[PDB]
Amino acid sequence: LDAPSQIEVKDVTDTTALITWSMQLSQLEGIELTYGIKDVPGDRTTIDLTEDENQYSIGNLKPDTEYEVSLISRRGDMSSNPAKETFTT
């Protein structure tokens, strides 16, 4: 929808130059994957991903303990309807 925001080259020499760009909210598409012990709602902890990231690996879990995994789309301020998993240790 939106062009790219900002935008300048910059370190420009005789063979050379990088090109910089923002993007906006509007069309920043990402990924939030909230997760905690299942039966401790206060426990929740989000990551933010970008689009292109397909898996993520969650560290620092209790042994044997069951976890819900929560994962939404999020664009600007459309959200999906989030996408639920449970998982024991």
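Numbering follows the first chain given and starts at 1. In this text, the rigid core denotes the largest set of C-alpha atoms whose superposition between the two forms falls within 1.5 Å. What changes on going to the form deposited in another entry:
- Relative to the superposed core, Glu66 undergoes a C-alpha shift smaller than 2 Å between the two forms.
- Core-aligned CA deviation for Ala83 between the two forms: less than 2 Å.
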Second form
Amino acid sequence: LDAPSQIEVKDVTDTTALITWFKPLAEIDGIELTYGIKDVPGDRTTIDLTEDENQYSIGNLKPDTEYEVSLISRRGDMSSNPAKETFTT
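Could the form deposited in another entry be given as well, to go with the form deposited in one PDB entry?
Here you get just the chain by itself.
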């Protein structure tokens, strides 16, 4: 599976951020989005999106903190390779 393309984090405030991407080429059941404070290994929330969703708004983040977001395309048993980006509030 092809990973989501043109992933951009925009509209970042001290506590919120908007993640946007382009839908993968291949048909997929959904996208798994995982985000958390970059250097805290245990801080990882995963959201399962449906194939139709192309953006996700995150709130209640910590100010002046570096975060990492990772996205994977899914289709049954299969998953794409993860694509990751960092952003700072």
